[PDB]
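S.K.: So the chains spell out like this:
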Amino acid sequence: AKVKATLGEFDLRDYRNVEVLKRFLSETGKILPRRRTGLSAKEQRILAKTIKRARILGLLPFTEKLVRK
Amino acid sequence: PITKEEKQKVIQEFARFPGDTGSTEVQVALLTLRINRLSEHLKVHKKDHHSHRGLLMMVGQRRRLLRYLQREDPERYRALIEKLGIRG
Amino acid sequence: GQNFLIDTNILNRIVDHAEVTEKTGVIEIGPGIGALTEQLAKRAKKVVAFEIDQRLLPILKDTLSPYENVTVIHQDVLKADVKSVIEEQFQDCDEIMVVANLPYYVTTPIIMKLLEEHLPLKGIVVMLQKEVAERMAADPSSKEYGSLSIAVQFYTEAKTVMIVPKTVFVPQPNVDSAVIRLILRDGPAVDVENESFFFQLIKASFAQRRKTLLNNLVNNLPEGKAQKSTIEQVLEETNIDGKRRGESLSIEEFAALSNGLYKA
Amino acid sequence: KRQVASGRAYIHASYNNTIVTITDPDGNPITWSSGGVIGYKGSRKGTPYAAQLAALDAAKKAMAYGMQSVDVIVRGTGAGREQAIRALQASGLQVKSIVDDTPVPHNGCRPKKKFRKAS
Amino acid sequence: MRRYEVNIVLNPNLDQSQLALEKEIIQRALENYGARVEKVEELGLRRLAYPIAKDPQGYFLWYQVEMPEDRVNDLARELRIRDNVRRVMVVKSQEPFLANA
RNA sequence: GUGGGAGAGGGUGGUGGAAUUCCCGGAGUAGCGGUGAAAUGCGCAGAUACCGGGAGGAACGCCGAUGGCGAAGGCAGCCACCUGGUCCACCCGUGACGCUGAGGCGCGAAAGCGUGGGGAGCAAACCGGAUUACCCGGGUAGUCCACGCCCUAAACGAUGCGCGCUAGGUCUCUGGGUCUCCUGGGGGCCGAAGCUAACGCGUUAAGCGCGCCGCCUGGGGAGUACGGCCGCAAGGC
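Protein chains in written order, with the deposited numbering: chain R, 20 to 88; chain O, 2 to 89; chain U, 27 to 290; chain K, 11 to 129; chain F, 1 to 101.
Source of the hints: derived by calculation from the structure; they are not laboratory data.
Wrong hints could be hidden among the right ones.
[As the list claims (entries may be wrong)] The list that follows gives simulated cross-link-like pairs (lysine-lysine, DSS-like), each with its CA atoms no further than 30 Å apart:
1) K:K106 <-> R:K88
2) R:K49 <-> K:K106
3) R:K49 <-> K:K123
4) U:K139 <-> U:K156
5) K:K123 <-> U:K229
6) O:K8 <-> F:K92
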């Protein structure tokens, strides 16, 4: 199930819509590929830009630790 | 950048007749303005090699347009060169 | 077993190049299989074989029945003193030669250290690679020039006696083999204050070859590291040496430079 | 000695060796164990069996300090991560969570000759 | 005279006094550098995914301004001098490009 | 010209985190590290695991693409400024103002070099170890910056540029419209006619044509010798 599917209506250039932004990051603080997100490249590119910008703001994690062996 | 204001002002200044946006004089004027801006930019930014190619092409275009203008009508050529102070 | 030469023709030619006669004496280094030893002993007054290989010696030793001049000494030439050999085994023939067809990774340091050992012998003829042969026998302003040429210039004037095809060697080396001759000079080629200091200088000059003599001597020299601030007078002490390199200069130039260095 | 009653066990699982360190929440290392302290040398230092023995040894020598529960984070990509974790959890200390915190560069320093040629 | 958005994150470990003085001084600088604020969004405290300046907490403040383009760098360098502010990031105002309309 | 679009195109300042290496502490016991297996090496002056604080340099993990930009060489964190190229739409202005281009001028990966800075990591040369009678431990220039040289490559699509005509199918990037689809531009894979010694190319031609330029005339000798020009030199034409 693509991450896009389990979502409604939002804006991508909004680098403060933090709650939706946690969705597009994996179990680790990594940006999910197009296979998981379910967007077009343009959307993926702009989303990655926004994600990095938010990371700079400290609203999002650069990296995390995964609860698994 | 060259905002709409001064661009339109130059177009109005150098137009042969009202509603002329593409004549030789207008083209030469716009190219001259762009050349001036890029020249000063490259003066400040010496090691911007990529922009220098653009400058060369713009200068070439202006030279070709001036050549045609001189060929077809020399009086307009002299008037334009004195107006814009090209070639010195 | 390394690449072993199997040609009687080129072996005869090389042993001729060695001038192995009745009067001539032979030092054998790494007798190995015993083809070179075969071609040497029959025309040599006394052959002294040095080797440290475990079993390459006593097997060959069996074949040494017809030869009466085969005084094989089992030891490493580098580790073991050779001074005593001159007195003990050259009573038959005072003339000295060293002949080798060994691998070069062992041969070249052996030759260097033997020359360092300061044993006065007439000459040496060894088998080496084309590139290293060019390196030793080199002229000024060459890509094949370096510190090795400078080192060998004191001892001998060299020339590759006979270029060797790769075919003769069992496994074939990719690069051509070229046998050189090293016949010891009467004494030092050019005088110097200190030999060790001379060597340090030549190392410093050719450390970063491409850079200017000045840039080499600034950073390479340890005493240069000490007198970095003082290199001004070092520039002053230079005579007719402008913006220059190492390769540009010759033996006499470097000798005069060293003699000047002592006066700093 | 300390009796924190709740610490954390670090598992440094390299290719050549596995290291297990148990420590308090304050990061103060109470003790440690490795494949080397068991007696294994050379190649067999990083074997999964060595990881098992190291985990058990660390657990045993930690029980003396009264440790009962730990929260483990594993480091390195060595062959014996799974073996070490299973041995540790089956030693007598109730692990709360199992986590990895393997350090990965963000294309920083230039690696060794062998570890180069990254896709 | 382009429209920019201005972001300031500053020390949460400040009472009303330091907060107010910082706000007024940064507004002073804003109006100093030829800027003209329209609207202000106040976000109070938010948890950070990683600690900045040894602090896991941060105070947020948001502006969107239309101001001279040549002076935005000057404003950014000015606002960053104080030790009470951690990150200052000035970005150009972007149109809401919607998704899956 | 007007109204829009995408982009690691370039230059200048600012600063975000993860590593790596050192320094300062707290705790910590006997190894750590390394290999096909080992040795060198570090560690009782308390190493390696690990917690915190600080310094410094270099490079930007996922996104990431068989993707995009550029005339090539090349270009990946983020922010802002100054700029280069390009696509579509309206058909609005001009009237052939165009193509190519001997010399000239400029750009030109990496490695070198001069004059000054910087040096975390890697690492020519070099110091060690060892075995299969390459590989592991250290380390200099160099890789980093400013200015000035050098002008070389499997600098390759081994395919010069511009324009016109000649079936389509499929996957992508980016626009526009009346939006199952039409219409442009860019990048791949099959394949009509056709071409080729063959492999193969095929609307991004190596097809059918036109214009201009640059080269080829058996293999070595030889990119050598002499002469000339350009560089501090190595060297380049």
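S.K.: Now tell me if each hint is right for this structure.
M.R.: Here is how each hint holds up against the structure:
1. K:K106 <-> R:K88: 12 Å, holds
2. R:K49 <-> K:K106: 25 Å, holds
3. R:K49 <-> K:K123: 28 Å, holds
4. U:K139 <-> U:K156: Holds. U:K139 to U:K156 sits at ~21 Å (cutoff 30 Å).
5. K:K123 <-> U:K229: Holds - the C-alpha atoms of U:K229 and K:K123 are around 29 Å apart, at most 30 Å.
6. O:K8 <-> F:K92: The hint holds at about 24 Å.
Taken one by one, the earlier hints all hold for this structure without exception.
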